[PDB]
Amino acid sequence: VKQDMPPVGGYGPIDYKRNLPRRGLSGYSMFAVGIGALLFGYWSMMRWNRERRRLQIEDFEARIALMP
Amino acid sequence: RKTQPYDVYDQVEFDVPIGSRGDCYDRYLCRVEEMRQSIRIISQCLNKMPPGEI
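Going line by line, the protein sequences match chains AM and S2.
Residue numbering for the first sequence follows the deposited numbering, beginning at 5 and increasing consecutively.
Residue numbering for the second sequence follows the deposited numbering, beginning at 270 and increasing consecutively.
One thing to keep in mind: the hints can contain errors.
List of simulated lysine to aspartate or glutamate pairs, DMTMM-like, C-alpha gap at most 20 Å [as the list claims (entries may be wrong)]:
#: 1; chain 1: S2; residue 1: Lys271; chain 2: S2; residue 2: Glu302
#: 2; chain 1: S2; residue 1: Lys271; chain 2: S2; residue 2: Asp284
#: 3; chain 1: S2; residue 1: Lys317; chain 2: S2; residue 2: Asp295
#: 4; chain 1: AM; residue 1: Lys21; chain 2: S2; residue 2: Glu282
#: 5; chain 1: AM; residue 1: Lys6; chain 2: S2; residue 2: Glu322
#: 6; chain 1: AM; residue 1: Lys21; chain 2: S2; residue 2: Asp295
#: 7; chain 1: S2; residue 1: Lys317; chain 2: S2; residue 2: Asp276
#: 8; chain 1: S2; residue 1: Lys317; chain 2: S2; residue 2: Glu282
#: 9; chain 1: AM; residue 1: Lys21; chain 2: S2; residue 2: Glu322
#: 10; chain 1: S2; residue 1: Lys317; chain 2: AM; residue 2: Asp19
#: 11; chain 1: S2; residue 1: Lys271; chain 2: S2; residue 2: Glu303
#: 12; chain 1: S2; residue 1: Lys317; chain 2: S2; residue 2: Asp279
#: 13; chain 1: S2; residue 1: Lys271; chain 2: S2; residue 2: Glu282
#: 14; chain 1: AM; residue 1: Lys21; chain 2: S2; residue 2: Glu303
#: 15; chain 1: AM; residue 1: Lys21; chain 2: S2; residue 2: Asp284
#: 16; chain 1: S2; residue 1: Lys317; chain 2: AM; residue 2: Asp8
Each pair of labels, with its calculated beta carbon distance range [what the hints assert, rightly or not]:
#: 17; chain 1: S2; residue 1: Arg290; chain 2: AM; residue 2: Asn23; range: 50 to 56 Å
#: 18; chain 1: AM; residue 1: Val5; chain 2: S2; residue 2: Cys299; range: 42 to 48 Å
#: 19; chain 1: AM; residue 1: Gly14; chain 2: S2; residue 2: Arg270; range: 20 to 26 Å
#: 20; chain 1: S2; residue 1: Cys299; chain 2: AM; residue 2: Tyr46; range: 46 to 52 Å
#: 21; chain 1: AM; residue 1: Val37; chain 2: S2; residue 2: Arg270; range: 40 to 46 Å
#: 22; chain 1: AM; residue 1: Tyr32; chain 2: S2; residue 2: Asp276; range: 26 to 32 Å
#: 23; chain 1: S2; residue 1: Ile310; chain 2: AM; residue 2: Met34; range: 39 to 45 Å
Some chain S2 residues flagged as far from chain AM (calculated, every beta-carbon gap over 12 Å) [claimed, not checked]:
#: 24; residue: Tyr275
#: 25; residue: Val277
#: 26; residue: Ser289
These are calculated hints, taken from the structure and not from any lab test.
Beta carbons: idealized from backbone N, C-alpha and C, even for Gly.
So that you can see chain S2 by itself, here it is in the shape it has in the complex:
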């Protein structure tokens, strides 16, 4: 999403979490933070809905 934005993802504010260690507690933490960043993207997408076209 941040190296080749294939759509309008370049206009929303978020950050992907980076993992520190080779383990799955940390990977669990990055999953949960990706969920919360998805919530942020949903809030900004509700605030930026154009009435264009189907």
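In isolation and in its complexed conformation, chain AM is listed as follows:
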């Protein structure tokens, strides 16, 4: 017998495609969810700032009543 290195009856194929998934969101959906979380942060920001101004006015009234 002979003992070279042949391929055994043929081998499987190997791909040659530029395999790209291009996944992720679109323009509109990513854009809208970013602006939506932005507006959520704005609303909570507005609420905290106006309640904070209430308390800071109370601090002003403390210094007024303390002064003379």
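Chain AM is already provided as a structure; the job is to place chain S2 on it using the hints.
Okay, now just chain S2, sitting in the frame of chain AM:
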């Protein structure tokens, strides 16, 4: 390889990429596609190995 095949390259399936513009992004693309065509030629050369001679 496709104008004067100096060896058994005439029996394998591939295609050389042609460049469109005088720039190097495109030349990079043709390098990468020549790599992948070399992978195709390696697969066909594994499938077509005769047990002839040294």
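Against the structure, the hints:
Between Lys271 (chain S2) and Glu302 (chain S2) the CA atoms are separated by roughly 16 Å; this keeps the pair inside 20 Å, and the hint holds. A C-alpha spacing of about 9 Å is found between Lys271 (chain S2) and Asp284 (chain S2), which places the hinted pair at or below 20 Å, so the restraint holds. As the CA atoms of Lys317 (chain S2) and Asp295 (chain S2) are separated by approximately 33 Å, the hinted pair breaks the 20 Å bound. Proximity of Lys21 (chain AM) to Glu282 (chain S2) is assessed by CA-CA distance (about 15 Å); at most 20 Å being required, the pair is judged to hold.
The straight-line distance between the Cα atoms of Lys6 (chain AM) and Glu322 (chain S2) is roughly 11 Å, inside the 20 Å bound, and the hint therefore holds. Between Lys21 (chain AM) and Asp295 (chain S2), the direct Cα distance comes to roughly 18 Å. Compliance with the 20 Å bound is thereby established for this hinted pair. Under the criterion of a C-alpha separation no larger than 20 Å, the hint pairing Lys317 (chain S2) with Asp276 (chain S2) is consistent with the structure, at around 14 Å. In summary, the hint linking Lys317 (chain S2) to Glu282 (chain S2) is supported, as the alpha carbons are separated by about 12 Å, within the 20 Å threshold.
Distance check on the hinted pair: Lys21 (chain AM) and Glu322 (chain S2) sit about 35 Å apart at the alpha-carbon level, beyond 20 Å; violated. Proximity of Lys317 (chain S2) to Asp19 (chain AM) is assessed by CA-CA distance (about 17 Å); at most 20 Å being required, the pair is judged to hold. Taking the CA atoms of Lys271 (chain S2) and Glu303 (chain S2), the gap is near 14 Å; set against the 20 Å cutoff, the hint holds. Our distance criterion of 20 Å between C-alpha atoms is met by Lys317 (chain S2) and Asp279 (chain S2), whose separation comes to about 13 Å.
Annotation: proposed proximity of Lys271 (chain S2) to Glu282 (chain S2) holds, straight-line Cα distance about 11 Å (limit 20 Å). At roughly 13 Å between alpha-carbon atoms, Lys21 (chain AM) and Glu303 (chain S2) fall within 20 Å of each other, so this suggested pair holds. Taken as a hint, the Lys21 (chain AM) and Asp284 (chain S2) pair is honoured in the structure, with Cα atoms around 14 Å apart against an allowance of 20 Å. Among the hinted pairs, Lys317 (chain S2) with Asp8 (chain AM) is consistent with the structure: their alpha-carbon atoms are about 14 Å apart, no more than 20 Å.
In this structure the supplied range 50 to 56 Å is violated for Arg290 (chain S2) paired with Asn23 (chain AM), their Cβ-Cβ distance being about 25 Å. In this structure, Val5 (chain AM) and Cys299 (chain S2) meet the distance hint of 42 to 48 Å, their C-beta atoms being roughly 46 Å apart. Checked against the given bound of 20 to 26 Å, the beta carbons of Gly14 (chain AM) and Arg270 (chain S2), roughly 25 Å apart, stay inside it. Taking 46 to 52 Å as the suggested C-beta distance range, the pair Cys299 (chain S2) and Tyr46 (chain AM) conforms, at roughly 50 Å.
Remark: the range hint 40 to 46 Å for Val37 (chain AM) to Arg270 (chain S2) is contradicted by a beta-carbon distance near 51 Å. Checking the proposed 26 to 32 Å range against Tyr32 (chain AM) and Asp276 (chain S2) shows it is violated: the Cβ atoms sit about 55 Å from each other. The hinted window of 39 to 45 Å between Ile310 (chain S2) and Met34 (chain AM) holds, with their beta carbons roughly 42 Å apart. At roughly 24 Å from the closest C-beta of chain AM, the C-beta of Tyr275 (chain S2) stays outside 12 Å, upholding its exclusion from the interface.
With a cut of 12 Å on Cβ distances, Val277 (chain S2) stays outside the contact zone with chain AM, its closest approach being about 16 Å. With 12 Å as the threshold on Cβ separation, the claim that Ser289 (chain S2) sits away from chain AM holds: the shortest Cβ distance comes to roughly 17 Å.
When each numbered hint is compared with the structure, violations occur for hints 3, 9, 17, 21 and 22.
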